[PDB]
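**Student:** Whenever a hint applies, use it, and build me the whole structure from the sequences.
Chain by chain, the residues:
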Amino acid sequence: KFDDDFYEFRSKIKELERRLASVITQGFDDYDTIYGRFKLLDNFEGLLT
Amino acid sequence: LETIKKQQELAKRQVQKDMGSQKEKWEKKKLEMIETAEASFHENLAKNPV
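So the protein sequences, as listed, match chains B and E. For the first sequence, the authors' numbering gives the first residue as 484, with consecutive numbering after it. For the second sequence, the authors' numbering gives the first residue as 519, with consecutive numbering after it.
Honestly, the hints are just simulated from the structure, not real lab data. Check the hints yourself; a few may be wrong.
What the hints assert, rightly or not - Mimicking EDC-like on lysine to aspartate or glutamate, the simulated pairs with C-alpha atoms at most 16 Å apart in a straight line are:
hint : chain 1 : residue 1 : chain 2 : residue 2
1    : E       : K524      : B       : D525
2    : E       : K523      : B       : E528
3    : B       : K522      : E       : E520
4    : E       : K523      : B       : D525
5    : B       : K497      : B       : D512
6    : E       : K524      : B       : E528
**Tutor:** So, in structure tokens, the structure goes:
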């Protein structure tokens, strides 16, 4: 039963990760500077899925 | 970001402290000593029925 829950949980993590990719991509375009974009990467340095 | 930067400095220290040169070799020597002691005990165990 736990394995079935894991698969359902696996889809939820992927949905969470897909949203993060979109928000992260929008932020990188928005800064418009190498220093600004780099700062965002440092914040999400440990958040990469 | 400063807190994240602080963690990275700690990360270099954790690897330098926890991981050392020939760490596995020291562990292997300890394992060999345990194996030799176990071998002596097994011979004694074999002796009791005989």
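**Student:** Does the structure break any of the earlier hints, and which numbers would those be?
**Tutor:** 5
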